[PDB]
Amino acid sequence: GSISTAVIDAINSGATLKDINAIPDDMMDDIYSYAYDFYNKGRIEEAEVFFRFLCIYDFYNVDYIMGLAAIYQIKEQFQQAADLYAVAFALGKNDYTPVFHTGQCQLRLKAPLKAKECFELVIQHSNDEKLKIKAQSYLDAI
């Protein structure tokens, strides 16, 4: 692991714990797999702890961010979820799935024009026709 001075330096420098290899890679994989297990088992509170832990460890990991965003969406913290989905989109650049879920969140936030803009962005830019079918099903419902 990392000595305390190295962890403190990372806190003070704005760096991730990932950047200083504070926990072995295999253990982080285990933690992600357990977080997914909790999620799939309906243990949302525990899944939330684990996805928060993962995102503290590496705020630039798209899948860690996507997991927490999904949990926030389930818990109806729609603005926090939308905020994380936007970050997740930016980090991956290529995948419009977070923009699709942002659209769902915006509908629940009573921002239907923002939602429409999200679904249209998916339709116009994604080459994933299966995702477009889902986005189009929201757009057609208006």
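We call the rigid core the largest set of C-alpha positions that still match within 1.5 Å between the two forms. Residue numbers count along the first chain shown, from 1. What changes on going to the form deposited in another entry:
- Taking the rigid core as fixed, one finds a CA shift for residue 124 smaller than 2 Å between these two forms.
- Once the rigid core is used as the reference frame, the Cα position of residue 22 differs between these two forms by less than 2 Å.
We have the form deposited in one PDB entry; now please give the form deposited in another entry.
Next up is only this chain, free of partner chains and other molecules.
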């Protein structure tokens, strides 16, 4: 998966495609919009390939990581999604949506204590009042 690629790239420490600016920003933006065109039409497998492609080229990009994590969550690959949401959070820091979705994933993974901590984190630190209501609704059920 995308995380394995990132680690192998770091181990080998050779030149990557991004290191040589092999795909310009404007082309990456286009491929990202094509990925969502597929996603929005229900073509989830093609969207997944396009987001994997984006994450091979530029893994440490919140928008690419969040798109892929969403696909994994829909596909009920909850651990893979949670792992990617955590990468997105560590890169973004100020957006608590990846924490909220991780909490959803942890519930499905039968880890309610982890899920509770995720949702409490949202309520304490997010300034998105609507996200906080959603998180509280999950807390009410645990």
